[PDB]
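Listed next as structure tokens is one chain, alone, in the form deposited in one PDB entry.
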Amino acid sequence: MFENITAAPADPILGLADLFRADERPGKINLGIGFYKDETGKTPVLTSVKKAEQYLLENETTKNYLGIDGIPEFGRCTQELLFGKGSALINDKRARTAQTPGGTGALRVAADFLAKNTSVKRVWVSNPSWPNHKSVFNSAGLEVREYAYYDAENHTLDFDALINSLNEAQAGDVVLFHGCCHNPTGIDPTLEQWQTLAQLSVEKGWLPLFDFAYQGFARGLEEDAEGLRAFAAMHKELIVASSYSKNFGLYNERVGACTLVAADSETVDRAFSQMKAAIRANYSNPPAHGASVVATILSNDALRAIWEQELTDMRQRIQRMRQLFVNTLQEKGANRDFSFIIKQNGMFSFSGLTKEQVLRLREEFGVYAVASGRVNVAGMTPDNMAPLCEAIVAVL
């Protein structure tokens, strides 16, 4: 059976890690990292999280199955985080949330749900986007098309080309948007560009699908949801796949949610029954630990205050490195102006490097970045900033 099986190609993101661990050179610098690192290059478990795990250890009395859509408390906390408390969507009972195995798990359940109970056939993803979007949607037999987004010259959001592309998107098509901290560019629309996209969206009949994995990393918790909120006010239907892997540092516990929004409770309930059927046939019910940690933190004022503080600390550190990066580059002799870096949000930035330059940075200087040019700013520290900038410059 398996003799004919062809080896699968290297994952563009994860495969880099393998090359890195094998590069026995000492001065190594891994910037193609998808997670957060702190000042010492460590990725610790949050204190709020450790506190929540202690509470769970001495309070859990059973590990009995969770129920297809998971912990209810978790579901409402995510809804409030996403839509706010003064949300008509929540008061009209128009949204339903299913706890899933991470943000990827949410995208897949959305994908299977749509492919099986809907006439959706195409999903529009940005160019570029997170490499795994394509594989997730294609896994469900949906075709992935892409709209323009990035301006390789001015290093900005080419809004005209964006809208120009989306015109080929027909009614009934799913259009995917990153809530904030666009992976891999770091370029997000403005509240004004979002409101324009929201209107264009309802007028054209697109089904929006927000991938939300970095809430709290751009400006703040509520500020980061303004784009989603703009859409939620004008659309009857909507789908948001959220992750708590990065903002809670709960990566390996697989915590995420797939939120379904329909015209009324009667409809979203009917549609949600088919979403639960898709989970039942996939992983059955979700992992309790991570989601449990998120629900207890978010529901306890003391713990939530510590978490939010830990989150702003992470956010502030990334902003500090974006600034120090641009500066160090300049004093190291950079010819090109990298000020646009300071304009980008979150952990990632398209360094504006060519396939050949990143390849050269890797084999000659030991600096690792994703082939696309994506660089993770949280992989920089005041200790490795200089070596990094010298290599980058020597390759310019």
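Take the two forms, find the largest set of C-alpha atoms that superpose within 1.5 Å, and that set is the rigid core. Only residues modelled in both forms are compared. Residue numbers count along the first chain shown, from 1. Compared with the form deposited in another entry:
- Superposed on the core, the two forms differ at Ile13: its CA moves 2 Å or more between these two forms.
- Comparing the shared residues between these two forms on a common core, the stretches of 3 or more consecutive C-alphas each displaced by at least 2 Å are 12 to 16, 22 to 25, listed in sequence order.
Let's see the other form, the form deposited in another entry, since the form deposited in one PDB entry is already up.
A lone chain is what you will see next.
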């Protein structure tokens, strides 16, 4: 009986959405979105995906079940994007890939698999990290611990506090890493720091799990993958949960993958069978549509070329707005220095505003931001930059 069931907490982000929609003030700006938006303030379906879809419409002859691990080409294509077209992991057949319901579904199947087939008890999440991370791992029965990441003073990665924090993790603990475009600081380890991280991980015996949801949004498709690749060249085992929601704009089609890398082919195949058992007891097999779309774009020269151009366009816009933001705030005049905004990657970053300030920005100006000061750079258009920066200057 559910007569005494207690209501789940209203998730903060969902809340802002309803408060903003109900905001009668015509000059309102929503910077707590979580999705990409163009200069127009819209999240269109990519031209390359629309072409891929017309194609599927013309050529699909059946809607019959996919295998537990999804469409094969899709799996192969993602392994190449993650590790490189000619990696030893691919040639030596050390990795297996399951197509899953988004990047979140990939984290939950990893979690379920880890929980029932291994002795892992804790997962180390960065502080701060994407809030749903904790909920996924806790739901599978794993304990979540946090390692230090952000440096509130300097707006940077506290690498000392980072390596110092992880010394509390024992061999066999999983350590969660954001491949690029750290949600929500936008702060990423540099290559030197990734190599230092990869080496230390091997030494202490961490099981690295990578959350790779923004490949292509920081510097490029291959550039963004070198941190993961620095760990892959050094570990016998690792798991990578990837998403295509943002880089393909396929949010609601739920397309991602869970990649298991083992010491060798024989062992990865044996572990993957248990990962497939984990999937069968959850959703059975994955949704074909969005994954089919990804597989036909990546497998076609013309379509892939158009998609890559559409991805660089999004990446550049997000980089344009970070610059515009920093200096439009300067032209508004105030002891500040939001220049650190320029060094961060992706759509998110902490503005450095207090909850005191974020609250009045909203009530007094109708500029919506997350209580943590998180601001989505894609919510900014060259049109709303001045009226945005003026609101920020007034609360400083």
